[PDB]
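Have a look at this one before I ask anything.
With one protein chain withheld, the remaining protein chains of the complex are depicted in position.
Going in written order, the chains are labelled A and B, and every chain counts its residues from 1.
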Amino acid sequence: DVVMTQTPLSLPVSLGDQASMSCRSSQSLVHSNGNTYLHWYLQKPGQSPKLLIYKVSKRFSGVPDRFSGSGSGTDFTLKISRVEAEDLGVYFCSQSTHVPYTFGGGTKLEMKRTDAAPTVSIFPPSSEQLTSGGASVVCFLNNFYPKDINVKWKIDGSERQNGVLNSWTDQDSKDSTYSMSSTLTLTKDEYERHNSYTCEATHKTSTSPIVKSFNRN
Amino acid sequence: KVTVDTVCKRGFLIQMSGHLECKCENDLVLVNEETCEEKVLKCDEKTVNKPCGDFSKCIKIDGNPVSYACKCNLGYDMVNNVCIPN
Partner (left out) sequence: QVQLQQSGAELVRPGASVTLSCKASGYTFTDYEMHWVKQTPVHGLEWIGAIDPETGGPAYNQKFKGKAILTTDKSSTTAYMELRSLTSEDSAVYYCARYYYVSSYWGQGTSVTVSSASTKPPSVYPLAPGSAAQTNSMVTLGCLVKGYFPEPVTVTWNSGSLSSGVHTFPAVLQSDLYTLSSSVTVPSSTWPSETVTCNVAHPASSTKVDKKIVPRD
């Protein structure tokens, strides 16, 4: 199979910037008919991918002329001359020279802004839940930038991976930040056998973990 | 022979110059009045009889070292490498 690799995974830009993305193939995409079947798509959230450029550099009907593609053999490049708000989304390249047809992993074009440290909030089980035998501790990590973030749960100091459910928001359309929710679910039994519950965030804005804790006491 | 009831294959009717024509979608080429197909860029054994341009197809020419060429259909002259009615 031909593997398609796209760089970068995330392209933060400000409106009006130029943008450039790379797509490389593991095998030449020149077809025996002379053509090169390398195409670019834009996919916005909740929608299907839409064709932008086909056969390396041909603009699909109706596509704004700020998009241009170039390249040859294995290396290809999509450029956006001046980024607009409607351009944010995930850009996929794909080849239809070789069966099976394959796609790259996508480059996500996103809004750049200044760094923002997450607001971390931790919440113990409600009494409603505890009467059922289950216990969930919830940690929100809200309105942070950049998007990269790591969350570790600690029970009395011991790192715990089982029982953790995580969910991420898309980039906020007003302040360009990201947010995260992390839920650690236990039995009431195990929950009452421990004291310190701690949500620890690793993010660019602090060199040490950002820590919210709750003591059952 | 293009009329209001012609169905343009991978193309569409448009008034160009005086009357109706099938214009190809994307970068396809005319293989006849009402048929648009993919344009190969090389004429060799792997593309024989395939479209190489509007009203042009890759042909195999029988001489010694067998050769291939993009030849216009009957009724057209390759003028500066573009088929145009004779």
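Everything below uses one rule, namely that a residue touches a chain if its C-beta (ideal position, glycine included) is under 8 Å from a C-beta of that chain, and two chains touch if they have at least 3 such contacts.
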Among A:10, A:26 or A:166, single out the residue that touches the unshown chain. A:166
Out of A:13, A:117 or A:138, which is the one that touches the chain we can't see? A:138
For a quick check of understanding: of A:126, A:150, A:187 or A:206, which residue touches the chain that isn't displayed? A:126
Missing-partner contacts on chain A, residue numbers: 35, 37, 39, 47-51, 54-55, 60, 92, 94, 96, 99-106, 119, 121-126, 128-129, 132, 136, 138, 140, 142, 165-169, 179-181, 183, 214
Contact residues on chain B toward the hidden chain run 7, 9-10, 25-26, 28, 38
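Rule of thumb we're sticking to: only the chains that are shown with their structure count from here on.
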Distance between chain centroids, defined by C-alpha means - chain A, chain B (Å): 46
Per the contact definition, I'd like the list of chain A residues that touch chain B in the complex. 32-35, 54-55, 58, 60-61
Per the touch rule above, chain B residues touching chain A in the complex are 25-27, 38-42, 46-47, 50
